[PDB]
Amino acid sequence: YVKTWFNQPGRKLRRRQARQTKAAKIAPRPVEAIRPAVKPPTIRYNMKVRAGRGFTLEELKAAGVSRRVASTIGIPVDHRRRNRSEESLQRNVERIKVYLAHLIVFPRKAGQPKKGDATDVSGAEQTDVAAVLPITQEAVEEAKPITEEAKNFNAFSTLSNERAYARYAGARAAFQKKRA
Amino acid sequence: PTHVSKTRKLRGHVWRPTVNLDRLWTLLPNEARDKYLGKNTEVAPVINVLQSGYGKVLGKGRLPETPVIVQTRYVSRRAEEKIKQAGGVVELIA
Amino acid sequence: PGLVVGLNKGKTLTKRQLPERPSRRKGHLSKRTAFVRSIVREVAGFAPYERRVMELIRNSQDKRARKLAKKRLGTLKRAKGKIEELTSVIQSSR
RNA sequence: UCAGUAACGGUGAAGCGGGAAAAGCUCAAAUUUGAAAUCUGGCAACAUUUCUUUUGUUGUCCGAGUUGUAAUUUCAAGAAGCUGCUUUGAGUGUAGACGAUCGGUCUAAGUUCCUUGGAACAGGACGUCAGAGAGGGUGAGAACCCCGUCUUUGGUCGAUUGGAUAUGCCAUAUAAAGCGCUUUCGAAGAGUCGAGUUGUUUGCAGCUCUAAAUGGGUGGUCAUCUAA
RNA sequence: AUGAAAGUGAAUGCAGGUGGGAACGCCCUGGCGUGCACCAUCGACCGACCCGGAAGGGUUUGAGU
RNA sequence: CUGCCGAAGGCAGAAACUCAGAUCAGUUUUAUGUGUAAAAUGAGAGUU
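Residue numbers (full-length UniProt numbering), protein chains in the order written: chain G, 21 to 200; chain H, 2 to 15, 69 to 148; chain P, 3 to 96.
Hints should not be assumed to be uniformly reliable.
[Unchecked claim] DSSO-like mimics (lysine-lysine), calculated; alpha carbons at most 27 Å apart, straight line:
#1 G/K171 x P/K13
#2 P/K11 x H/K110
#3 P/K69 x H/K138
#4 G/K197 x P/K11
#5 H/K89 x H/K138
#6 G/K171 x P/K11
[Unchecked claim] Derived Cβ-Cβ restraints for the label pairs, each shown as a range:
#7 H/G141 x G/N181: 41 to 49 Å
#8 G/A189 x P/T14: 13 to 21 Å
#9 G/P60 x H/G141: 49 to 57 Å
#10 H/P118 x G/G190: 42 to 50 Å
#11 H/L91 x G/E161: 35 to 43 Å
#12 H/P118 x P/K13: 27 to 35 Å
#13 G/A189 x P/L20: 26 to 34 Å
The hints are simulated quantities; they were obtained by calculation from the structure and are not laboratory data.
For each residue, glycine too, the CB sits at the ideal point set by N, CA and C.
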């Protein structure tokens with residue numbers, strides 16, 4: 021059994037046409053939805069930022085948009101993800117805020133901009149999200165002045181201590197519980 | 002190419071990557087080296103080997119006397135006071 | 003300590019208290035289902051091996067009682083879960 | 001890609017990472033109890049159609065159904081009060097534009113002269129078209145004889161439609177829904193999980209036995225999921 | 001890079017010296033410098049092994065700086 | 001198809017660099033008893 025790749029240009033052309041057909045069908049709105057900024061879950065990749073599946077309920081509520089209408093206006097919602105730190109919270113919150121600020125909603129039934137809509141909608145144009153919302157990387161630290169207490173601070177001497185504390189943590193954990 | 006083979010004449014014949075301090079200044083761009091190396095500035099340049107893809111920094115090479123802050127998870131034993139004798143400090147990143 | 007190694011190893015950030023997830027709740031004992039479980043209990047009775055445990059406990063041979071209960075169920079935690087329940091029924095009957 | 005790595009004794013992954021594509025949901029478990037509000041079928045009209053061939057609407061009768069059909073709820077929650085802001089059609093014709101399917105139909109210029117030859121579609125001379133010098137046929141190598149080819153992501157015919165825009169008519173909201181609070185409760189799947197044993201390549205099956213409700217599963221007291 | 005593994009994890013001395021050594025230069029054939037690569041030596045450093053409580057001591061070790 | 005090199009009962013060739021040598025010899029002399037050592041003749045000899 022062998023799997024040959026003689027249809028690689030054909031697959032590439034078909035995917036491009038499918039993207040083109042998708043764009044033509046839903047032209048008023050961007051062809052890619054808004055995605056949250058999310059950090060990979062490992063020690064090898066926790067220094068980067070990538071695109072998550074969707075926002076969380078806490079982020080949606082903090083931004084002020086309900087989880088019901090969020091799907092309608094094009095904001096994917098993830099019910100599994102949870103925010104364990106405010107740093108991620110206001111990070112995804114400001115992603116939604118800039119999305120909403122740049123967002124224009126065509127009024128339904130074309131009678132009046134009922135509450136949340138756009139008065140002038142003639143400026144419709146299909147633009148990708150990445151241009152308006154360019155996902156970034158972790159902020160690289162710029163040059164800072166020398167810190168004196170850090171200068172006195174050795175470095176890995178500490179990592180040796182808390183390491184030895186960690187390895188023999190059960191050793192003294194026993195010691196206290198047995199003598200108490 | 003079959004034509005240049007041997008049978009055409011046989012016819013009928015039957069995770070923790072590491073970096074040494076010699077390469078620490080290489081990580082900073084050319085602009086940072088030009089605007090911080092070899093001169094005396096109150097603010098010191100910072101090197102983040104973690105953002106460059108390095109887990110630990112090891113101790114092979116020398117350094118110019120320009121102070122520099124090294125952000126890393128693990129640091130080598132006498133590489134620390136290699137920074138300190140060079141005038142910089144290793145500030146450990148989490 | 004904002005450190006890579008230690009009992010509190012890792013980065014230091016502002017921790018947020020997560021909202022309560024409803025699927026974490028399962029296993030709780032509602033008052034209505036507890037009442038209904040009482041009604042079926044008094045209308046159905048107990049299984050044959052339960053009756054043997056009553057006899058064993060009323061004879062006060064608890065070691066054999068827990069041994070046979072573990073043999074019947076399969077796990078010590080289930081055996082203990084039985085024992086406390088049928089002893090709890092015992093003083094109610096008394 | 002991890003990776004021919006972990007693992008097993010030659011077999012041989014998966015997590016993470018980068019991409020292609022993205023869309024979420026529905027029940028059982030709670031009383032509508034001031035009202036079975038639900039549904040198939042028979043009969044009679046009204047319709048509508050890719051269609052006299054399709055699909056429905058209303059009225060009436062019988063039946064199903066209280067051993068539970070409707071509405072609300074599915075754990076991301078949710079219900080019950082409380083609150084003051086916001087939102088609303090499972091409709092029916094007319095017109096233009098915007099696409100697409102089917103087939104109908106439209107296309108630029110030598111057959112001029114001399115030699116060879118059965119035949120010129122060959123050679124030479126004099127010319128033309130080209131958004132068309134791809135290909136095929138014609139008595140030998142034909143852009144200009146013919147079909148086609150470019151124009152064509154188009155003009156012209158008709159018949160359909162798919163979605164929107166403008167416009168008209170019906171609907172009935174005495175309602176329904178979203179959001180912030182609780183002085184509230186929060187029902188969640190059993191011969192099923194699980195254990196012992198035998199069999200197959202943890203997973204599955206046979207058999208003995210057989211659960212629980214902050215319980216159960218998974219990973220090294222903690223973390224994460226909520227099966228049958 | 002080493003270690004069974006946790007792990008640690010490299011120019012002392014021009015990134016160490018000695019001799020040979022290609023080529024080059026200097027004169028005045030040879031001598032002189034000069035020394036690539038490479039080869040003989042050679043000390044240090046990274047470790048695993050041992051002693052010491054990091055310094056220091058081994059003449060053990062790795063197709064190591 | 002032609003040419004060149006060419007065995008074996010650890011070989012032949014290829015590449016990388018020594019010394020213009022006393023560097024080797026299916027050899028003969030000289031000395032000590034077929035072994036060893038230090039004149040003849042021939043050859044550019046070699047090392048991983």
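To see whether the hints hold, each was checked on the structure:
no., hint, verdict
1, G/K171 x P/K13, "21 Å, holds"
2, P/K11 x H/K110, "17 Å, holds"
3, P/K69 x H/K138, "67 Å, violated"
4, G/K197 x P/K11, "24 Å, holds"
5, H/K89 x H/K138, "21 Å, holds"
6, G/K171 x P/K11, "22 Å, holds"
7, H/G141 x G/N181: 41 to 49 Å, "26 Å, violated"
8, G/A189 x P/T14: 13 to 21 Å, "20 Å, holds"
9, G/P60 x H/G141: 49 to 57 Å, "36 Å, violated"
10, H/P118 x G/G190: 42 to 50 Å, "46 Å, holds"
11, H/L91 x G/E161: 35 to 43 Å, "18 Å, violated"
12, H/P118 x P/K13: 27 to 35 Å, "32 Å, holds"
13, G/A189 x P/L20: 26 to 34 Å, "27 Å, holds"
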